[PDB]
Amino acid sequence: XXXXXXXXXXXXXXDXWXXX
Amino acid sequence: XXXXXXXXXXXXXXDXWXXX
Amino acid sequence: XXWX
Amino acid sequence: XXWX
Amino acid sequence: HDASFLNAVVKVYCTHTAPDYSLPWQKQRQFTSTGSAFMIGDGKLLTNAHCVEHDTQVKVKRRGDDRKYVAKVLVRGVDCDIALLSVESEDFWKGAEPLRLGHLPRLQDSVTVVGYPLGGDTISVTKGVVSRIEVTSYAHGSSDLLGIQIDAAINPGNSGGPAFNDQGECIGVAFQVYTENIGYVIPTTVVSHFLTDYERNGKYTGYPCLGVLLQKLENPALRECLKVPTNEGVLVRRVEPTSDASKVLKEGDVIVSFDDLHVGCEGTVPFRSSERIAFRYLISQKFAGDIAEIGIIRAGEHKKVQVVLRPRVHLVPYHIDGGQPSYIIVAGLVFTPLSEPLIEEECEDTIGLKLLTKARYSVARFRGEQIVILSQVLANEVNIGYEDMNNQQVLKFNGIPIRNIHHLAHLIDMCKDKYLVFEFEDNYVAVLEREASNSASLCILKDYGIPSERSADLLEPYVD
Amino acid sequence: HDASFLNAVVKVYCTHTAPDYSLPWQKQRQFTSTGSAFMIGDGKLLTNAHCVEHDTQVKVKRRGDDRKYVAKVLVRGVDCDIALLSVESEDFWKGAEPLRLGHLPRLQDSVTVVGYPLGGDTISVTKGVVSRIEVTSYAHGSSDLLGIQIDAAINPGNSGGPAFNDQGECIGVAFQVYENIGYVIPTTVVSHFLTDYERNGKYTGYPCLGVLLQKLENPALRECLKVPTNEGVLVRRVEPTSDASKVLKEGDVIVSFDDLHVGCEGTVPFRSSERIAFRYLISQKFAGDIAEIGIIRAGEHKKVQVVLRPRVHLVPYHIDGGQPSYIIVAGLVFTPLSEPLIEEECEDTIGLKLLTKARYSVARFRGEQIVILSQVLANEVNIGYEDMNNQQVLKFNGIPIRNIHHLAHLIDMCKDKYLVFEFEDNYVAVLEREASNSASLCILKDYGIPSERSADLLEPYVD
Amino acid sequence: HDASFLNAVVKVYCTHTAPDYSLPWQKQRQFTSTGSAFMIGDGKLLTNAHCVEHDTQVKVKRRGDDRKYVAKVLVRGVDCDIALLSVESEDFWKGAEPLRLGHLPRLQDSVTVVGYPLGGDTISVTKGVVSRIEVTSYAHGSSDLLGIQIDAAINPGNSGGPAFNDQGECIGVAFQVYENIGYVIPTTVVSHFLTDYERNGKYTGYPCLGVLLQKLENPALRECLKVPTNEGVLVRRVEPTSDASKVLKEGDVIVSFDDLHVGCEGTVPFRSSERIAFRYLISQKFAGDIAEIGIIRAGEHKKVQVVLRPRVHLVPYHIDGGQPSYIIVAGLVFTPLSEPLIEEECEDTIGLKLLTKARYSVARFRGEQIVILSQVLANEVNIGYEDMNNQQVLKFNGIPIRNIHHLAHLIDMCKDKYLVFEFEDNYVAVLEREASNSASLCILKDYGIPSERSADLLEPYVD
Amino acid sequence: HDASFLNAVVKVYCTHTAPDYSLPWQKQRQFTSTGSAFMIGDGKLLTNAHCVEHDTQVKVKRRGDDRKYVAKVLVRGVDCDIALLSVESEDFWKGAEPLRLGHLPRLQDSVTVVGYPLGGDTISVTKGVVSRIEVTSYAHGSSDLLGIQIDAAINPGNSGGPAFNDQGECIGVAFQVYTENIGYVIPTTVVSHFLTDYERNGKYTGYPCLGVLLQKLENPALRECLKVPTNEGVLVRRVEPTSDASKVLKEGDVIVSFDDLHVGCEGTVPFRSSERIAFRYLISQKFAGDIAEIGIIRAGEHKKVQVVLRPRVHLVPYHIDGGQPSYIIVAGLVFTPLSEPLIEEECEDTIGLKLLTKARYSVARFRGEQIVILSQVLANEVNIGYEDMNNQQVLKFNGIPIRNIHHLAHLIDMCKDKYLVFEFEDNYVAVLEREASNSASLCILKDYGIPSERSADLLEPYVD
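Protein chains in written order, with our numbering: chain A, 509 to 528; chain B, 509 to 528; chain C, 403 to 406; chain D, 403 to 406; chain E, 7 to 470; chain F, 44 to 506; chain G, 44 to 506; chain H, 7 to 470.
Don't take each hint at face value.
What the hints assert, rightly or not - Cut-off 25 Å, straight-line C-alpha distance, at most; resulting in silico cross-link-like pairs (DSS-like, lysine-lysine):
no., chain 1, residue 1, chain 2, residue 2
1, H, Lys222, G, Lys396
2, H, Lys256, G, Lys396
3, H, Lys402, G, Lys400
4, F, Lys269, E, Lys424
5, F, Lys111, E, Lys222
6, F, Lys460, E, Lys233
7, F, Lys115, G, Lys488
8, F, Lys396, E, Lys360
9, F, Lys396, E, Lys222
10, H, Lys402, G, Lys292
11, E, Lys360, F, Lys400
12, E, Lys233, G, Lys104
13, E, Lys256, E, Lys209
14, G, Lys438, H, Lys222
15, G, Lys400, H, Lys360
16, E, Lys424, F, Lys111
17, H, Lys402, G, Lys460
18, G, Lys111, E, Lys233
19, F, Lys292, E, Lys360
20, E, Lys402, F, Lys292
21, G, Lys111, E, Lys222
22, F, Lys269, E, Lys233
23, G, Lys396, H, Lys233
24, F, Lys111, H, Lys360
25, G, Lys258, H, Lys360
26, E, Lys256, F, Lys396
Stated by the list, open to error - Selected chain F positions facing chain G (in silico; Cβ < 10 Å):
no., residue
27, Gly427
28, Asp489
29, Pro493
Just so you know, these hints were derived from the structure itself, not from any lab. Cβ atoms here follow ideal geometry from the backbone N, Cα and C, with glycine treated the same way.
Extracted from the complex, chain A is given alone in its bound form:
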């Protein structure tokens, strides 16, 4: 897909991919 920012490291604030 696209329009995500898939790594929780290159995103920040209140958008986080959940898991281990």
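Chain A is fixed; fit chains B, C, D, E, F, G and H onto it per the hints.
Relative to chain A, chains B, C, D, E, F, G and H alone:
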């Protein structure tokens, strides 16, 4: 004295000491 | 590839 | 020299 | 007495031969590095995976024993950075008194880290407290697992030795990469997970993720709009297509409970008596294949669902699966899958915006998907005009969308056609003549020059 | 009669005040700069557009005269970086002998650039030859045009002064910002700019074909396309807003342009025995010109006609002078993404996805904008959405946003309970409409701000 | 009962919007930061002043609770970098057990700082000993106060959280910005700050003697001054605005202070067998306290009494929150020189003479300001004076300027033909009064600006 | 033919021993540098002063002659950067065909600079045009004299060789210190001034200044307020107390004409037929002692006055007057005059705001004034407490304001008093006991250690 900026090199714009 |  |  | 504990700690010598991704018929320069490991019982030694990473050979030295011994890497989790080693034999293990695993510490609990600094023959020690218990990442961009922060700095050579209680139990494994004064420790719980993973499956199955992209609901109107009562829940913004969620969750779902633990405005969740923990923690304590029950609010309605949890599927992988990266060369056109290491090695430019975003912002649409790139073109009369082409994603071959590089490789071999037509990301098109490409084959890899047109894994047969 | 030629070259003093692109109710810190200009005839001064850019005031000073005068900027082409200036004195122009424009030079021709270096306010001169003649890039405003390189380096204060023949004709305009490499805007570009403005009483701008091209240097590639000879370039993409989208197709091979053969590289005959980039031809036309194009489509020869217009930019460099557009709406500040905005904060806090959309995506229709949330002004209503900077916004209450004016309209008409903004990530911000309308004054009577719009967004909207 | 102590430590989220000191009708770019605070009793939260500095909004978050709450800043001592916060919930304070303040520690005493590191929103802890106890510098706001150093480094998000005994008493407040060196504000400073505010319902601030001192370590020097023993410090200078100027004289030697002997170095007995800087004594008093001072003047012993007040700063660090003062007057923007102004533009464009006046010169009288021209907004009336930035202005129409309010008054009363400003260099700018009054609206309806004053300058002026 | 001209150019070898200002009983490290000179006629060679600066020895080499010869420095202007050399003998000068001085060029006139690059035995040449004729500074902060800018870069070794017309006349001397592509040339006119200065007075008397601080009058209201008609005149803001002006001019005077040439809004003034020039130029073309007639507007009234023009008096000198800087040491307290070189060598900090401004912003109140500083204190039992004192200006000694360091030195020697009392700038006071200071004298300079308590010039008798 004081309150001058005596060298024409450390001053600028329209304030210049006249001479050689 | 150039735009023209 | 210190201010106090 | 006290020094008995330090006798369970071992120094780790490892020779590293990594593959070069930029030119993946080749390997990087062979070097030797040091680290720490310790006896966890049975015949096993615990260490960081990065210590034994790409191991050509691995040797271990007992404290107060001149001779080096030789160790084998049983299993290695990459995203939790743990590795187990076995040793042979019968002398090394003589009179060994291994370490037992403690439970998870409380903030301010005294800790000491034991290991072998870079340089010198002697063991070293640092003492501090547990400063922080938080979820963090153990491998760049890989995953997020529980971790313990300590009040003392750690020497690179000192991971992966033990971190101790004041009761002599090991509370985790030290971790240092190689301006802080803060050391990191992989806790016992993440370690247990690794060991039982290994006992059960006899191989590393990793730590699952929920496969979902969450938004915090702090704002009143959001919560009111979504019909979320009190202060609870996180909004589902996106789902991963390869995860069992997305067959189950939808954008606009507010996850509310997980295994009957309530989830707050921010991500947190009841942990231990006075404490809360990021929702991620529960997810990580599961095993690949496990089902979690998840309380949801959809529309305005409470609903319960089940979700299978699997480890993250990375379109552009960090880990390569170890070994050597795939490659195929046609008419001097060199193809590999895009990977983080490749990016790292080619650095920032020559990668380019379009491609870089794809690597940062994109998810796998199905299992086995890759981004196939043309890294360089080895100049030759068949490819004239196509030289000077670098790091371009290939989309289609002779009209067909490319799923991964094994697919591309299967299409080349099945191709009887007049031309080899490659459509790239820019909409750029490289056309080549089949018969001339073949004639040039030996000549091109001789001159450049390269052992093989492929990497072994692409000689194998293709499935679906 | 040498000193006669210099007397046409004037020094330019300018005070720039630009907009703050983040909060464009404010302005950035004014600074003063100097540059050059010269007399082209009538009452007109020629100079560099950037020399007068966002001018609060412009002064010009004749050689061997102490007095400054007041110039007004008459017209500015941005894409060619040219500007015309007027001065009302009858001093000044008294005893003036303007420059004649000469033809395009040939390599190794002698050149002297005349201008005023920064500081000292005395005129300067450099001499060199014409080292290179090429299509080059203009002011990152990009439109590619013919350009001259010279063997001589040029001081920043010298552009926009003239570059001379040995016959004393002006061959172009010095262009420098801030090698031993000079850049001169040639007379033909200047000429184009003048005849454009001479009609319309205003600057329309250089047109483009609206097409994305691949050279064919590969024989295999040509065979496949059934090209007769080695000539032609391949059309990968066509801008939707261009006239070409109704005529040209992906896959076409263009072959002739107004009966000039396009080479298999990107070239075209230039003059006599020279060869120049295809872009040169397109550039020498005017907006609204019709060009006849030879193409090979499938395997068959065709002839088509395309109207030529200036490139429609999704993310503009220009900003059209003066104040850029904005909204607010409950502390959320909305503006169009622009190139000038992209460097204030430079590159960070923008982020990979935005930056790439700015370098790649093209307008789907005239007037399309990429609308962003620059920042959020913290306040009770927006609690939880602060931080939240530089995010493209897509839908408002389910409705895809065309541009910031469209957005201003949908908000004016709302009447609904919540305001719902969907951004790039599928991140969604929801606000209570009443609470927002009630917090308005407090927010901009605090933070604090002239108004809740840029003035243009008040006008009635279109479709 | 350990987790009980942590539960008093709260995380602080704050949004800062400061003034633009150059054009203070505007504000700088808001940013959000986090920090720490803890429960001291009543309904009060203790934290660092800088954590809430120029706050548009303040949120606090309890441990093991997801919800943020809204705190209001009750009082801020700037010179000690302390702040009190309140929150209205009855959530929050529900089930709260505030900290007890412990006494000043002794070296090698065990210490744990508790706070919230930046990011992750989980609490943290470090342990060390008390490495050093000294008079140190506070927030470049300077007033020198007692301070503790610890063996442990502290994360920026941890200040303003508490530093603990092993008995679980709070021994002070973590202070960090952005070693293995921690800095803690000790309980006695905190205590001082509270009793100050407990009277007056507001923060008056620590007082000073107002005197400039030389140690006498040289026996020759002492003989000359006829000092009996080796003790005493020498008075080089006396601030005019201090009570000491009516009592102390240059040349005096001060010997005892409230009957404590000042050593020939700068010292004083501390507690038990310790010695501390003389500054410690002065600091432990309150504004308006009278101190008795032993001096040797000529060769003769004397006793004097001085009232103690907070230092009167010619160039302030504080700015007193909210909007700083300004004028305009024909595009010339006038503000007080302040320390915060001195870093926006940092050090350049200020110039040697200004910077030094800021580091040296003292107030001749209460309310004196160094008034500067920050910039000139270009316009017809001011032609020739543009450029002209950051220049202290001395006289207006012959009249020495006391401060910016004085200046606002002289201009309001003017009525004369020209406005004449004499600046630092004897550089003089002259403006036509009518032309200025007529260009007002155009200038600020252009540039463009809320008004021609900061609101305070409207009030009637003093003397 | 053409190569005859290059034969007049000479390479310059010079050994440099500078004094150390930080420690002025010492000299800096001896090194050798190269430069250019040329035959101007008679027995003389022209060069830059910086080439022969602090000359230990000076040697010159003819083009195409292996042997080096030995040269003497006749006279050197520091602020115009010119030096004349004589040579011995009789062989060097054999068959020499010297250069003649051309008149001042016009913009775009072709120029070639001839000199000897650093390294190599061979002469080099660069050609360009005269790009700019402007007033500039020839020595840091020293003075402002006419100068020619050329379109070609110049190698450091290439100053002070000749700059030529296309007619073979020398139009000035090349100047390069050691991102431009702009070379500098001291023009013939500044050179003439130097030579006639030398012929007349047999020593360098320099270039005079008007001794005044000017403001441009661009603004209408200024001019109207001052009653200045049309566009003319510069406003007098300040006058130097040591200059004959200030007995003549006052703040608020608008100079209007100078030697009956009118002065504009900005500083300029008729120069040559199509050209204008900064007012400074006229001032610089005079000689020390000369009188200029100056048209003034005072109050509202036109008035004529005469002013003597002398070279600038620098309170903190750039040039040191060559030789070695003065110093005196009392009780280990080391005093020198503040100078630019001292500042340069001590760099930016340890100098300090207060002192630095004084050096930038202050003028001499009378001839012979200096700022005397205490640079360091050489630690010892008499000075205890005074150690750690650096770069402080001394104001008074035993109550008496210090005029210069010779004065201070005269006061020390005349002092019979009990104490030596030094009041510094901070109002800091150092008191020392006379008799003990003397006893310590030999011991202090031994231990540190230093040849002499003074520099020779302060043994001399003091005047008034």
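Okay, the hints, checked on the actual structure:
1. With a C-alpha separation of about 22 Å, the suggested pairing of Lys222 of chain H with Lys396 of chain G holds against the 25 Å cut-off.
2. Simply put, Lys256 of chain H and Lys396 of chain G have alpha-carbon atoms about 24 Å apart, close enough for the 25 Å limit, and the pair holds.
3. Restraint check: the Cα-Cα separation between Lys402 of chain H and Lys400 of chain G comes to about 23 Å, which is no more than 25 Å; the hinted pair holds.
4. For the suggested pair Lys269 of chain F and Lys424 of chain E, the alpha carbons sit about 14 Å apart, so the restraint of at most 25 Å is met.
5. Among the hinted pairs, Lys111 of chain F with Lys222 of chain E is inconsistent with the structure: their alpha-carbon atoms are about 61 Å apart, more than 25 Å.
6. For the suggested pair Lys460 of chain F and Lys233 of chain E, the alpha carbons sit about 14 Å apart, so the restraint of at most 25 Å is met.
7. With a C-alpha separation of about 20 Å, the suggested pairing of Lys115 of chain F with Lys488 of chain G holds against the 25 Å cut-off.
8. For the proposed pair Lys396 of chain F and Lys360 of chain E, the alpha carbon gap of about 9 Å is at most 25 Å, so the pair holds.
9. Taking the CA atoms of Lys396 of chain F and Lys222 of chain E, the gap is near 22 Å; set against the 25 Å cutoff, the hint holds.
10. Using a Cα cut-off of 25 Å, the hinted pair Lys402 of chain H and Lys292 of chain G holds, with the two alpha carbons roughly 19 Å apart.
11. Restraint check for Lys360 of chain E and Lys400 of chain F: satisfied, since their Cα atoms lie roughly 9 Å apart, inside the 25 Å limit.
12. Simply put, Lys233 of chain E and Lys104 of chain G have alpha-carbon atoms about 24 Å apart, close enough for the 25 Å limit, and the pair holds.
13. A distance of roughly 33 Å separates the Cα atoms of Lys256 of chain E and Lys209 of chain E; the hinted pair therefore is violated under the 25 Å criterion.
14. With a C-alpha separation of about 20 Å, the suggested pairing of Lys438 of chain G with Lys222 of chain H holds against the 25 Å cut-off.
15. Taking the CA atoms of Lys400 of chain G and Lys360 of chain H, the gap is near 9 Å; set against the 25 Å cutoff, the hint holds.
16. Pair hint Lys424 of chain E plus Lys111 of chain F does not hold up; C-alpha atoms about 73 Å apart against a cutoff of 25 Å.
17. Between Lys402 of chain H and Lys460 of chain G the CA atoms are separated by roughly 48 Å; this puts the pair beyond 25 Å, and the hint is violated.
18. Restraint check: the Cα-Cα separation between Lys111 of chain G and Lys233 of chain E comes to about 20 Å, which is no more than 25 Å; the hinted pair holds.
19. Between the alpha carbons of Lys292 of chain F and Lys360 of chain E the distance comes to roughly 24 Å, so the proposed pair stays at or under 25 Å and holds.
20. Using a Cα cut-off of 25 Å, the hinted pair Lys402 of chain E and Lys292 of chain F holds, with the two alpha carbons roughly 19 Å apart.
21. As the CA atoms of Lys111 of chain G and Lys222 of chain E are separated by approximately 12 Å, the hinted pair is consistent with the 25 Å bound.
22. Restraint check for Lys269 of chain F and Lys233 of chain E: the C-alpha separation of about 63 Å exceeds 25 Å, so the hint is violated.
23. The suggested pairing of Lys396 of chain G with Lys233 of chain H is violated, with an alpha-carbon distance near 32 Å, which exceeds 25 Å.
24. Taken as a hint, the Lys111 of chain F and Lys360 of chain H pair is broken in the structure, with Cα atoms around 39 Å apart against an allowance of 25 Å.
25. With a CA separation close to 21 Å, the supplied pair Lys258 of chain G and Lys360 of chain H stays within the 25 Å bound.
26. At roughly 24 Å between alpha-carbon atoms, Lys256 of chain E and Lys396 of chain F fall within 25 Å of each other, so this suggested pair holds.
27. Because the smallest distance between the Cβ of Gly427 of chain F and any Cβ of chain G comes to about 9 Å, under 10 Å, the interface hint for this residue holds.
28. Interface restraint check for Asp489 of chain F: the shortest CB-CB distance to chain G comes to about 8 Å, inside 10 Å, so the restraint holds.
29. At a threshold of 10 Å, the smallest CB-CB gap from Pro493 of chain F to chain G is about 7 Å, leaving the interface hint in force.
When held up to the earlier numbered hints, the structure conflicts with 5, 13, 16, 17, 22, 23, 24 and fits the remainder.
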